[PDB]
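A single chain comes next, written as structure tokens; it is the form solved without the partner chain.
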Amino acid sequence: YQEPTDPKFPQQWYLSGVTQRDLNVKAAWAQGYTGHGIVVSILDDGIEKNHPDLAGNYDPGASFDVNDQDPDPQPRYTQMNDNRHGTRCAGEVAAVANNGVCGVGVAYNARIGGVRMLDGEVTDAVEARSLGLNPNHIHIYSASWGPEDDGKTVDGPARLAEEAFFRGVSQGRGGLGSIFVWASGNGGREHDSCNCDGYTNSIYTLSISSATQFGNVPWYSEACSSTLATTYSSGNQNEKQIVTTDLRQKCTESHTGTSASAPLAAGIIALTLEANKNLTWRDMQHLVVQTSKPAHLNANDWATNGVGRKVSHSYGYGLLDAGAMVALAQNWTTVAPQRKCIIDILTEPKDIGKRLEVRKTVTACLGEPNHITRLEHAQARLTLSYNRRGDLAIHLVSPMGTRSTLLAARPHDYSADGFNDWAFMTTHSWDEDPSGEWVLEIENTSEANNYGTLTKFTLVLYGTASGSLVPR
């Protein structure tokens, strides 16, 4: 194997780096994995299918125009070049290699399509028809859209889009499950907290945050417990950015934000799926948990969980490591079927006031077919009233002592509407035994005399009862 000769490949520091601050993609390429046979689709504003660095890998079967209801996802050209984003994301995954044009994709022999679905009124039906496009042909979907990143919205998929997620992971990809790769948000400046985004907060999406070139948390990042891992993206003006295909058959060195991180992850997942085409949607999340790397990512909240893995709310389990992903995939044993243990916690409503703590010792469905000794995702599904939602901070502590932030204070969230069975999700107790005492903390972070009531707390545990590794 010879590394790409493309003119901008040297500028793709997050791939071609020689200084341990990269995604370790060359190591996967050298193992023989480049994305051959894998199909990725970018759900965004369209794809310039005739781009000189995309045409060779373009797949009409991975593509559709939901906004105009036709097969052709070509972007709408405007003098502001508004509809360039999907083309930029597509090139991150699968720009052609060794062709004298721009740089390369992470999975530069994968097939790449795009769904034109953001350039219009984005309804529940539009989202559902995009997520559910050709699910026995497309393996991996990449998306970075969702509710406004204003730091005051709580919203997620409505009914059709949620049904698309459950159909995708259940029957998609021959029953192995569609892999939905998602950006965790861009609301950092607004102090947004990304479990309030039901798309990234879903267990069915493999959620990705960003790190800057120097290993820091970028200005736009949102912290939350639902994030799984990290890829490099943009930062300050001394830090390099993402280099990829641009609208009008050009090449950009200034692709930015968490929306540039999700496509890089989708490309790494494509290499991993080439290494083992039988991986399920849950297998893929397990591989990410086991192989991602905290080293040299700076955050003040790195904490060791119950099985010895370091986790951060900014970074999840750390930076994706493509070489490690493809190596571990090859002989991976399929995880056992997913169990779900439902524990209704409260016997009476609880006044929140200044601070509320709810402690409950659980057996995690001991003696039942849904007995879980090996956690994957956990949710605290909360229904509560409060007079100013953004003054609340919410934490959940597992029996092993792992403190997951379910909600950080959001200064712009003045809503009086509370949470209506909102399923705050954490990945930070993955592989822990969930038997024992769980603790829910709700606190008023302001000096104001705020008031409200917690009326429902359902602890929902997902996972299995076999196959644990020795703790890290």
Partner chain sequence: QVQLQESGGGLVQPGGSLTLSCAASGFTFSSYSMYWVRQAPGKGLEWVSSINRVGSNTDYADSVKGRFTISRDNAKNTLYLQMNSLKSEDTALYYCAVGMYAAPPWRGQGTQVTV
Given for the second form:
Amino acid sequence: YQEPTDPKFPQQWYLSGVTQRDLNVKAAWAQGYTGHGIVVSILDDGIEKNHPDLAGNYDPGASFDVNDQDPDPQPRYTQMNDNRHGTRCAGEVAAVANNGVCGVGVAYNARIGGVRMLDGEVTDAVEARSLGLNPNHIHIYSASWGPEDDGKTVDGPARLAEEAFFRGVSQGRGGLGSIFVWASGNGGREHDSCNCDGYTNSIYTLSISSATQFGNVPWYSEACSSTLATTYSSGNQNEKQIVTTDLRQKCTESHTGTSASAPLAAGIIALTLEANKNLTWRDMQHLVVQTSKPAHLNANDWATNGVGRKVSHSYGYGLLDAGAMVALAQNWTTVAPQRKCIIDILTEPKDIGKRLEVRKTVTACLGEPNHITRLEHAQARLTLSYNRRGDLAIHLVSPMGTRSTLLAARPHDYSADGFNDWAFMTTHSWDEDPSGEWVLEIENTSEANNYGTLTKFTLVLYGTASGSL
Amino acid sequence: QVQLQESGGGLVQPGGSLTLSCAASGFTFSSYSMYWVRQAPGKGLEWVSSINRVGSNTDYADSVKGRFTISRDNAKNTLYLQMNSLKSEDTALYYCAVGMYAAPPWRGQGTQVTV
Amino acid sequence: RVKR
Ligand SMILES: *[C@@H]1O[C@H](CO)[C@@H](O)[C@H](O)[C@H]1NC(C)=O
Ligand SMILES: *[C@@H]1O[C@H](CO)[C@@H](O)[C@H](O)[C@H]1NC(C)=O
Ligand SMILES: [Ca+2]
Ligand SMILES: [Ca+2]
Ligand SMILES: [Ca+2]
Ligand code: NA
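Next up, can you give the form solved in complex with the partner chain of this protein, since the form solved without the partner chain came first?
Below, the chain from earlier opens the complete complex, with every other chain and molecule after it.
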């Protein structure tokens, strides 16, 4: 191992830090893991496959142009460089090392592809064709896009894209499962909640949030219970940003938002896969929960869950640690197959009023093949109507007492549509025993005489059966 | 048993007026907000109007604003929808419910209105 | 769908 000689590597503070305020990537590199043999694809507005810092790692097999239906994902050039987003993401994962150009990718020996799919009508079929591309060749998919971050949208994958996610994790990588890495959202200033985004909220995606250089919650950051972990990204004007490849064969030091966080996570995951190619899609999420560090990340809502892990709605389980990920991957025993336990809670619709609480004691399918004693994800599938959606706040409390915020108030969301069988997801009770009393809390956070009705509450538990912790 | 029964539907000349009724039985009517939703031929469900339990707050879809009036009589266990200046666009089966996405018995069988 |  030799540290990279690239001109901008020193400006890659999130990799080259000696402050002990970084992603601990060098420790992985020195263990001999640089992403060799791993294939990552950027689903975005294209990839400049001829970029001096990408050409060497470019993989046409990991690439396709879904918008124009050809094998060439080259970005469409315009005056204002609108289609630069994919190229910037790609360099974070796999910019070439030691070539005297720009900086380096987290997995600088990985192969990198791009799917051009945002530069056209983004239909359900377009999404499905991107998520489902060459899944026995592409290991990891990085997506830094989603529903509008205006703080009033509720939207997720339609039927074909949902089907592609499931096929991905069921069939991808010879059955080990495609790894889908997602940016959690940039709606912070609109107080958006990333549980209103069905891509980030999916159990099939690893949703990644951002932290600023000084360890703060960035202005653009969305809080929610579905986020799994965090990587560094851009912050205030006094804080450094992300250094990566730009359109027209340039180098930028100004890459920003959660779009910068998801690819750094994909690169760390690529290192991790090289250390253990047998890891399943669920193995990868376990490793993230086990190794991510709260330390030096500042938030107002750090809480200890039922198995003693610190969790935040801003950061999930905290900062990814490349060294720790790879170290644990090497000795990781694959987890048992996923079980899914479904519990219908309501016998009658419930008036919501100022505060509604619904309590149910569950056995988590005791005595059945889908019995779960060790939780992974949990969903509350809710159907409700309300006069002003954004004034609702919704919490879910596990039997071991872990309180997940399924929805915080969204001041811009004045919709009258309520929620139609919407699955709110939490990662915060991972590894807890889910048997016992769950509590759903729904409250009107406004003084106004708001009103409505909860007509369905389905509790969905995912996990395995195992020993006592 | 829980029952919501809609009435007052029928044929009306465009620009006309109808008053819809919904009688409730089998549960405490005053325990729930109430909703009018409609389904038009070959179209998805559309929320029309809503009212809280005592009737002191009311809401309307943009398409019916200024034309419809929702009200309820809790003593008489009945919900109403007064419709004015009806258009062809208003032709649908009209449903009474305790929730926008409720299903029977918590949503009614409906009453057809035709313009 | 918006880019992040
Ligand atoms: C992956 O599986 C192979 C096949 O049995 C095995 O030889 C190898 O040791 C495994 N790798 C890890 C990380 O344990
Ligand atoms: C984990 O796996 C590595 C790679 O084979 C091995 O060198 C190391 O000793 C293992 N650690 C254990 C078994 O604690
Ligand atoms: Ca093309
Ligand atoms: Ca370089
Ligand atoms: Ca969002
Ligand atoms: Na997710």
